[PDB]
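Take a look at the letters that make up each chain.
There are 2 protein chains.
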Amino acid sequence: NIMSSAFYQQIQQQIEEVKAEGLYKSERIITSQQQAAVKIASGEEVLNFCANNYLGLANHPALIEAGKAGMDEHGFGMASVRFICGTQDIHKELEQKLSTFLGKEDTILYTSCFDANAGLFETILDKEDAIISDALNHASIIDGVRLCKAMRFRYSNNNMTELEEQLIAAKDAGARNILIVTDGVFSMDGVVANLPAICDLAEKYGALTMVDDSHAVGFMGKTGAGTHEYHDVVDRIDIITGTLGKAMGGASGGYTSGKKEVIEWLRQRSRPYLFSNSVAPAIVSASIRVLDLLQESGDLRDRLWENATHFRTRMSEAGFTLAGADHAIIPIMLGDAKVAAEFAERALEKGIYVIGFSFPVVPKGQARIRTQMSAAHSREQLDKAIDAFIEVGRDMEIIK
Amino acid sequence: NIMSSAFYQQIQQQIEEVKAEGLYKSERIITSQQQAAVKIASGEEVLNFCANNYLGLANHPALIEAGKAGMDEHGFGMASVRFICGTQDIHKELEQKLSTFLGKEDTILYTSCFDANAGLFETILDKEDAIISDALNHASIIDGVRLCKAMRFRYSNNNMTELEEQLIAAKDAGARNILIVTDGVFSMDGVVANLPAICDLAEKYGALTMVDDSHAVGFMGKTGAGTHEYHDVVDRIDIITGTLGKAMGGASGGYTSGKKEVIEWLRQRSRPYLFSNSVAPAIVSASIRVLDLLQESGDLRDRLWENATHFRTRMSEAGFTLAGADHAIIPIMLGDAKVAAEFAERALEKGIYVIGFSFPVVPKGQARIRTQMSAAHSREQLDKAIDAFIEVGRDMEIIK
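Note that the protein sequences, when read in sequence, are chains B and A. Counting in PDB author numbering, the first sequence runs from 1 upward without gaps. Counting in PDB author numbering, the second sequence runs from 1 upward without gaps.
Nothing false has been slipped in among the hints.
Remember, identical chains collapse to one label, so a pair may be satisfied in a single copy or spanning two.
Below, simulated DMTMM-like cross-link-like pairs (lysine to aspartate or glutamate); rule was C-alpha separation at most 20 Å, straight line: (1) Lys25 to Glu264; (2) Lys149 to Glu122; (3) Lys97 to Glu27; (4) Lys149 to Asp172; (5) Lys39 to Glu93; (6) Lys260 to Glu105; (7) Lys384 to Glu44; (8) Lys97 to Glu264; (9) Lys338 to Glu349.
If you're looking for bench data, these hints aren't it; they were derived computationally from the structure.
Model the full structure from these sequences, guided by the hints.
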């Protein structure tokens with residue numbers, strides 16, 4: 001417009017500062033499908049070690065055929081919200097299937113877990129209530145709590161002592177309902193949350209439990225229901241949120257599961273559910289097929305855990321410092337941010353695709369490179385990757 | 001448990017209160033594809049007049065086959081965000097295609113327009129800035145503004161005088177940047193916003209303009225770019241948000257379009273873009289096919305507008321009071337809430353699916369039934385609908 005010139009100038013300045021601080025996120029164009037071997041625009045094939053394709057279902061032919069079948073049987077889109085004319089039979093079918101898979105009474109579907117978390121806390125909790133969140137919760141949970149008028153309390157990561165202290169402070173504040181929100185798996189450390197201690201403190205202080213099993217559902221546990229099956233704390237965890245964009249396929253969608261009263265109140269008052277388009281029939285059909293496929297074979301889970309144990313053993317032997325325990329997310333702790341950036345660059349030169357993270361996302365100087373295992377990797381590709389990692393670590397004067 | 005029971009009991013009380021006021025939203029299961037004739041679980045075929053399938057693309061065979069082609073070429077899902085390893089070539093292709101279709105420099109894709117509005121205001125405007133919103137903006141815009149630390153200003157619907165007053169109050173308040181947010185089409189009145197007067201006031205007071213063309217893109221305008229093409233105010237509107245869940249297919253997805261600096265800053269800082277899964281390849285391929293198909297024939301637009309003119313003329317003759325102008329949304333103004341509910345029930349008995357709206361969404365007593373035209377309706381089905389509507393109006397002592 002007129003004054004716009006100054007406005008965009010400020011934005012450009014900010015962008016340039018982001019480039020100066022070394023935090024500019026650049027997207028790498030992919031020309032192939034989502035699998036273990038990915039083709040970039042430069043023509044090179046690289047081994048992908050930074051995708052949430054834990055079970056390799058993002059290119060599974062059964063899911064592709066189920067999506068085609070869904071598009072032929074129920075159409076491409078709904079072009080309406082759920083309560084008007086966007087609810088098909090496959091939606092309720094997937095909801096019942098998810099409720100039985102997770103062991104809850106009912107579920108409600110969103111187009112993403114971001115909107116599932118955003119539309120939960122404000123719909124349930126008033127000013128009288130209180131929310132107690134782990135300090136390292138996901139950004140969607142943080143924004144959803146920001147939309148909630150409840151009393152807000154945080155406790156440092158996995159510090160059950162601070163959790164009990166904040167519970168006491170919540171009771172003293174006169175809180176009606178108290179909700180404890182936590183990720184099932186902290187997506188930057190590869191550590192599973194201490195669910196038994198949380199449930200015990202909840203029963204001690206009479207509080208509700210919410211778990212975000214986005215990085216857990218599909219393979220964590222005996223049936224892969226999530227971390228609530230990992231610690232055997234089903235029926236003690238009240239609300240469970242999750243996504244389909246991780247192990248459960250990798251397309252899109254989210255869900256919230258709990259007793260029918262909460263789910264009805266969500267269908268009546270959750271703003272993303274009322275003012276956003278319904279879930280596409282292809283994704284719903286593919287997710288139903290995902291649930292069936294996970295009921296048919298635990299082979300992919302065993303492959304993933306074998307890959308994880310092999311990676312952890314071979315990388316711990318070579319002198320690398322690894323974090324986390326008992327999960328497909330294995331971070332390589334590097335310390336300095338520039339070291340993490342150079343490690344990612346060099347590993348890309350050797351044909352391995354990884355991503356490092358520094359200050360605004362993880363503390364300084366605890367810079368790390370988050371490698372993510374996958375059931376699509378074979379020990380040929382795994383060993384090629386691990387060898388490349390050890391080569392880069394030796395070249396950078398890291399491991400000796 | 002115990003406190004769980006009390007919590008769910010209070011929730012049940014709230015649900016029962018919602019049922020007492022006659023505001024319980026119930027979902028009707030659909031067994032057929034999304035088209036003009038929809039089959040419910042009771043076996044009946046009904047004519048749908050409450051879906052945003054303006055061009056009938058929700059069941060278009062070209063989009064279904066293009067989605068199958070996309071799933072075969074680029075997979076089912078990405079299982080990663082855009083800046084990690086979720087950006088394919090088709091994503092950037094669709095972004096450039098949309099930027100040229102809308103006449104903007106660049107676009108950015110989200111999994112829904114809800115997240116597009118939620119991730120815009122907080123990313124751009126600080127406390128130094130100010131936002132001036134139409135009092136009747138969509139819920140997604142409201143939630144996005146709620147996340148912004150800027151000064152908040154409202155002006156009554158289409159009241160350019162109050163808009164100028166709030167612009168003056170914002171300049172006097174010392175606002176650095178001022179942004180005027182508005183829907184292109186108000187989805188409850190069928191009225192297009194007074195974009196020329198808004199642009200004139202913005203140029204007078206040096207303010208940015210944002211338009212949410214969700215109910216406009218695809219058919220409003222000469223090429224269907226949106227209401228900014230309707231009023232010929234491209235380059236005068238700075239930012240445009242929109243969805244693909246309406247005329248552009250009806251599946252899911254959203255976008256924000258503007259100058260390249262803003263889109264870069266969004267790719268670097270928009271929280272839903274950084275912490276939510278990328279758009280599925282099927283939807284992206286189908287949207288590219290949508291843009292091509294809309295550039296290949298203006299037949300669907302002509303069918304939609306012919307249906308709209310026929311409906312408005314024949315319903316205005318029969319004595320009905322219709323609102324709106326120059327849009328596929330035609331509200332039948334009924335006044336009383338019980339009248340709107342009974343009209344919807346009776347029209348459902350006649351085999352027509354419509355939805356009425358009363359107090360918390362539209363003023364009392366301005367109850368209305370929002371009929372939405374579609375290029376999938378044929379004059380056979382359209383005339384059957386209008387006959388049913390006139391029958392209901394005669395039975396209810398409304399029209400005489």
